[PDB]
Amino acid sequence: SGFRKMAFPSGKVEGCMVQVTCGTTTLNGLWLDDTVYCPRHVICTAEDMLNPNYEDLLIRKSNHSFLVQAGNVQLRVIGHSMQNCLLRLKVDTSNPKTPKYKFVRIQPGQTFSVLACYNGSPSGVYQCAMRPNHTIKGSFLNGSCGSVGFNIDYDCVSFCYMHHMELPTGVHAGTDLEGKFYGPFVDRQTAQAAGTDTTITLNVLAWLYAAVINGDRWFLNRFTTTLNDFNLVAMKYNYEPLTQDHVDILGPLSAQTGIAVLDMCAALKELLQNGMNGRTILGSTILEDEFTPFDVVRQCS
């Protein structure tokens, strides 16, 4: 047993990290077949921020300008276009170590692993969730840009995140691998706030189903509640509303522990009402929204 936040093994991705430099800016980049992806924001300096035009700044750039390091070695740039917030840079070589893979846009609620790099080499890997307010809680220092997010499904790597910037709140913002940002954010330096966030109610519920399956059981109660009665409370405490699709998903978890979802919700309703009078649920003293029902399945049984 046991239950820890777990990140996919970073191996297959490690071999896709490269370093990119353009003037007084160095950030990481991702190298798939003969392509290298990274945040367009590389090609700016720190007066360009305020108000950069990217189409403009890019039309005065040569492949001469782009220094690509894969370890000691270096790669020539050939083509180079732009996808929303990302440069697609053609290079003289397809990556020996390019794996099977796709580009999916994850949805708020789903989770992914993050491989955090500096200067085109990785230094750390951690699991986190794609927040409902569209940002994420990462550990990211300057030079972190280019670092990617991702899942694994059998053998194929589902790519879903590339890190671009940190916000005034200390949270981070970035984009899928098509260049389209997650959330209402843009490459400029402007007045920009993380809109107030909420809690991933689907998740906390997957998380309680862990506790139970692991053997912890004190939070439950004889009651039930309608769905509509549950939400009324869930709103007050700043949680997402639970919908029927949610309730479907929890299907197999109620089927494994034999606990009706709407019962679980009664328990959660009760948990919100009362707190824990100080006590542990599966280690924590707070309610843990960063586990998918799906991750409680991979990891429990």
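Positions refer to the first chain, counted from 1. Definition used throughout: the rigid core is the maximal C-alpha set that superposes within 1.5 Å between two forms. First, how it differs from the form deposited in another entry.
A displacement of less than 2 angstroms separates the C-alpha positions of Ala193 between these two forms, with the rigid core held in common. The two forms, fitted on the rigid core, differ between these two forms by 2 Å or more at the CA of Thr226. Between the two rigid parts, the smaller one rotates 14° against the larger between these two forms, as C-alpha superposition shows.
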The other form holds:
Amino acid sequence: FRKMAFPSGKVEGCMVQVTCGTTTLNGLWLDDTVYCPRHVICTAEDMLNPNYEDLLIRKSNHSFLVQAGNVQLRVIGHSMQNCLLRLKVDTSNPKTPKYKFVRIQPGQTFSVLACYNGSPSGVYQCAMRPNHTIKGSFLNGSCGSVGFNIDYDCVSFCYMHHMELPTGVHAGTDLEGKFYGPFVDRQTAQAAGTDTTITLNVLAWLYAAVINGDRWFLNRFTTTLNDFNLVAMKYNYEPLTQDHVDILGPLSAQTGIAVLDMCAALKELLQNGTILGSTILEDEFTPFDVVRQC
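With the form deposited in one PDB entry already on screen, would you show the form deposited in another entry?
Partners and other molecules omitted; one chain follows.
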């Protein structure tokens, strides 16, 4: 079982650069719209606490330089949607895949296509942490890079990059421009809440261990979901929802281990303290990631 990115080609064909003045970031070109972080309109004086509405008043369609490589795509309209700009261009991207905009939940994994000046440089797998940050790898010029999943040739875009917190973790928005977490797009040091371990993914990792024959940790006990949640919160683990148990359906059926019986094994591991070669429980592989690469 390994950490892998989705093939990025469908997303590479949508990356452009958006420039305002001397400030260039990345944009996502789908049909005749380019989506990009709104802070592209900021100068070093506006950045501390920008008044985006007032700043946008002094911007027209002719202020935006949108390029696919060095080829200019003319802007014929512009609007703001939460923390993004939606720039209407005069050319419909012929490389637009079948796509959706999705707002992911904590625990969920996605691929990130890191881009600089509209040019993709790398692709890696990320998980949305319970504190609404991602442990990414981004440098200056990376804003506007997107996160996505691909299911049956449909690209579900879930993330657009905007910020690096003082701790080194990253923060961004969904493709409607709404931040994940309590963060804001301004040049300030913003702290993320205390992070927790992703319970759903640790359980998946345990099932993946059982599928490969590593099952020493299983026991002859069971627990209620409520009693597991009460113990989990004392160990910094996320509580489990009715949905979490339902998504674990496939793995539970495959190994013959009931979800609640697995929680009892995880509950004993938390109270008492290798599995798949590691001393620590992996929490960035979802039940879907285990089922998919089985």
